[PDB]
Amino acid sequence: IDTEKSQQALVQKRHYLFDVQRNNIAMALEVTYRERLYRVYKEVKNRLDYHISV
Amino acid sequence: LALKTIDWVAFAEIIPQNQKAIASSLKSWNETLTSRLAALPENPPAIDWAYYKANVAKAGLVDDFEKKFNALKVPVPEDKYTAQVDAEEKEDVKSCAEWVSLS
Amino acid sequence: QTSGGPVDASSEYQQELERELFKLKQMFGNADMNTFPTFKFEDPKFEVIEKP
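Residue numbers (UniProt numbering), protein chains in the order written: chain A, 150 to 203; chain B, 6 to 108; chain C, 55 to 106.
What the hints contain is simulated information worked out from the structure, not anything from laboratory work. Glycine included, C-beta positions come from ideal geometry on N, C-alpha and C. Among the hints, a few may not be true.
[Claimed, not checked] In silico SDA-like links for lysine to any residue, alpha-carbon gap of 20 Å or less:
| # | chain 1 | residue 1 | chain 2 | residue 2 |
| --- | --- | --- | --- | --- |
| 1 | A | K162 | B | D91 |
| 2 | A | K191 | B | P46 |
| 3 | A | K191 | C | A85 |
| 4 | C | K105 | A | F167 |
| 5 | B | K72 | A | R185 |
| 6 | A | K191 | B | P50 |
[To be verified] So these bits of chain B aren't anywhere near chain A, every CB distance computed over 10 Å:
| # | residue |
| --- | --- |
| 7 | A7 |
| 8 | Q22 |
| 9 | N23 |
| 10 | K25 |
| 11 | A55 |
| 12 | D68 |
| 13 | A76 |
Isolated chain A (complex conformation):
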């Protein structure tokens, strides 16, 4: 009985798998997005400092 009861709660917990995938999705998305934001911020800063330097 209890072993089946154990199997009940276990499968009940199965939903963790999906949300973790979701977590990586939203994470990696903002990563590439913010990485793009700092790529563009760095590159324009580079040209800006280059001219003011020379």
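Assemble chains B and C onto chain A, guided by the hints.
This is chains B and C only, laid out in the frame that chain A set:
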């Protein structure tokens, strides 16, 4: 920012032995991803103009640079990855529901 | 009085200024740093997530 908090040994409890490694890799990814999120702030510090307005003697270079920057819109990419995992989750829900009913 | 002299009669130091500015450029970059920057945007890789 919508992040679902998670246990982790509970995660380990629900991995079939055929595909542990990838899952573990997945796990690994998560952690480094989290670090990569804490490795940089949300928004870059916007470049001011007055400091360059009064120091860059080049004609219009600072001006048109700042303008094309304001005229720049970074491509904020869309997932196209969440819907499929949602559907897979739905199917898995159906399967575990019938399983638990029969049990 | 240098409005008439773009360098005010230096008559030399170009042979070194060339190298100085060349090195300054080649360490700052190699593109046309006088123009607005262009940007390519890559996108991440992915994989099968469901049970195979």
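Hint by hint, work out which the structure violates, then give me just those numbers in ascending order.
7
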